[PDB]
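Below you'll find only one chain, the form deposited in one PDB entry, shown as structure tokens.
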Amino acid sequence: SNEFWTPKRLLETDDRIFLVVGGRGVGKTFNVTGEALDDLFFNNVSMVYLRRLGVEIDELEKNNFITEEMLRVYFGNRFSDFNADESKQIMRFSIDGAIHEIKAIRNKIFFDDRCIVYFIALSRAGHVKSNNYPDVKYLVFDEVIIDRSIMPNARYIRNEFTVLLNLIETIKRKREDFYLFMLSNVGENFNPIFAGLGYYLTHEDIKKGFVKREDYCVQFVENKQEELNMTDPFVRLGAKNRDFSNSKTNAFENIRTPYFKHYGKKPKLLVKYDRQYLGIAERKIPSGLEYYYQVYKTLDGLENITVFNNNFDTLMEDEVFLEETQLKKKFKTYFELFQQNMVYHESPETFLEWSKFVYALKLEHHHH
């Protein structure tokens, strides 16, 4: 009867950055979008719908982004008779006895001849920042985490999290009131979005529906297990095929938690990042080698470890500059080892710091 998930709890807290994970088919996009229409229609505000890849937007049904059922549930009795024409891709409806119309053209949705929704893709939006969106209060990131099942080969954009942040500034031109919604159908570690936020996924946090951080709040949406009527043939048929049943809870199936271990010796190499020094230490073992990733706040006790510097300004003394060509030779193999859970991190905090560094420089990795 009532929509399972609502964005209200997230809106009530002070934080303005919300991350919603799991519960695909629950209409997260339906409810997040649904809440805003109240604002978009009469507060002279617009919304930007963000997708990672430009291909995803072209396939998206823009005529159905705002649907009659959506208007009817959020406005209810206030919503009047609705007489849309699908050939012309125009919707006419009346609210409060006042006529309004929605028409979807190109990548924009128009309400009473005013643009309320912008459809832009991160792969294309990043390439031009001269664009300017005058009034935007809501940015929504849908399917923000890659799902291997839906898409066999999908690669996160290069230095993705930084590209997104720069896009925020262009969309949000020093606006006090701005909201960001990130919606993921599946949640797992080792993505750049988690690295940027700094959130580390753990089963305990999954058990607790709500987790609180300083900058953002992440809420976990789990679709209630419903007694399935076995008199219905379609329900029985879905039950016989297990691959169908398992799809519902696949979101939190695997979180890709990484290994943790402590190693006393000093790293083979150091790289200075974020007023910090990252080091990798190798321990020789009979079968091969064992790799340990560490973070050092200071260089005390590490006189002779070579230091690589990514940034030109911060370089000083003997540290060697790190160029695009150089970082591949030294760190290509180390990055591949990082992506897979083949390495030991001293603590979860160090894993986040390393994630920020790795996902900034990750590139290509196609057929390698």
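Numbering follows the first chain given and starts at 1. So that the term is clear: the rigid core is the largest set of C-alpha atoms that superpose within 1.5 Å between two forms. Compared with the form deposited in another entry:
The residue among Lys297, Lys284, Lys207, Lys240 whose Cα moves by 2 angstroms or more between these two forms, once the core is superposed, is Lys240. When the rigid core is held fixed, the Cα atom of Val128 travels 2 angstroms or more between these two forms. After superposition on the rigid core, displacement of the C-alpha of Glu227 between these two forms amounts to 2 Å or more.
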Given for the second form:
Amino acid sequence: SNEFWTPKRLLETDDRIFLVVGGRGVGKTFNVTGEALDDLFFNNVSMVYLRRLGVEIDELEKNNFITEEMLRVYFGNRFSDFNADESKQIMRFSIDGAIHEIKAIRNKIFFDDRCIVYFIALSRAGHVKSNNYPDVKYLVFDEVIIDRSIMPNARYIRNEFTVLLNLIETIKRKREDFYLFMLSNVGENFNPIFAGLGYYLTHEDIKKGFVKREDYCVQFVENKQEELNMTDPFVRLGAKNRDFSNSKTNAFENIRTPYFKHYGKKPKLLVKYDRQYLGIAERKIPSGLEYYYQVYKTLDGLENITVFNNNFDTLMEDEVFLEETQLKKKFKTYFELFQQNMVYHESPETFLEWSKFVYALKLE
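What does the same protein look like in the form deposited in another entry, given that the last one was the form deposited in one PDB entry?
A single chain, with no partners or molecules, comes next.
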């Protein structure tokens, strides 16, 4: 729970959006909260612990989010005179000789009667748009990428990245000093979070520990068994199970790398999205078909190809309206062919544009 990773190396740089992939995950969330204690206690700022699904918060132990050892390791000699009423979910401790009290109730934690941690779930985000979060400096999004191994039939929230963005706007209103931590235990492409960030995961970027971008940073953290305690029976038992053993280093086991190929012929359909036109080209082969997902900056040269439009406002003239029932009829297989890695992309740059488009309109 006190791993070698710390967010100090990230807080010192000038960036404010961090994507941390890899690690125990149990240690990551623990150390992020600990490094934030000082600000939360004495700088009049709060924290928001965000999970995707409300079920993930109800089962979360709040009383144990801030724990005795958490304070001992992050305050040391400053800390003494600790007593707590776990039944009533209260802590009584002293820092620098001053007496403080932390109470945990419902989805909030208070420090001297000031909320310092909010527990809210993205699937319930529509409820929390009420701006009761005046001074939130840290937003922590934990387990932000689904591990298909852990939970095969798990779905992201509909239009998740827009929901998340709406929530940031609500939590952070005209605040310069705001930080967002996106903690993931596994790294892979083909998910709305990566697409929203516009990040394409590549082993070259993983071999390098750090990746800097205009709007955010990405940090990859390595786990290594190093020395194993083969005197402990529980440790020995785990070594005998391959599946459990691999789970320790399963972060980058399979990054989802698409296939890339170019096709000269013109596309069969076009859809206008983000002041561009996405295109799908089909090439007939004896076995069946080959799909090419393309991007065109202008309609010059592809005069009489049909153009679908998601938005009614940007609709015009010869474009056909993209209603939700007409879209399910025409794009379901194309989305399936995409989510399953069955198509050729022009380049990683086009792949991200298609990812944004797919995850915006995908239906569930």
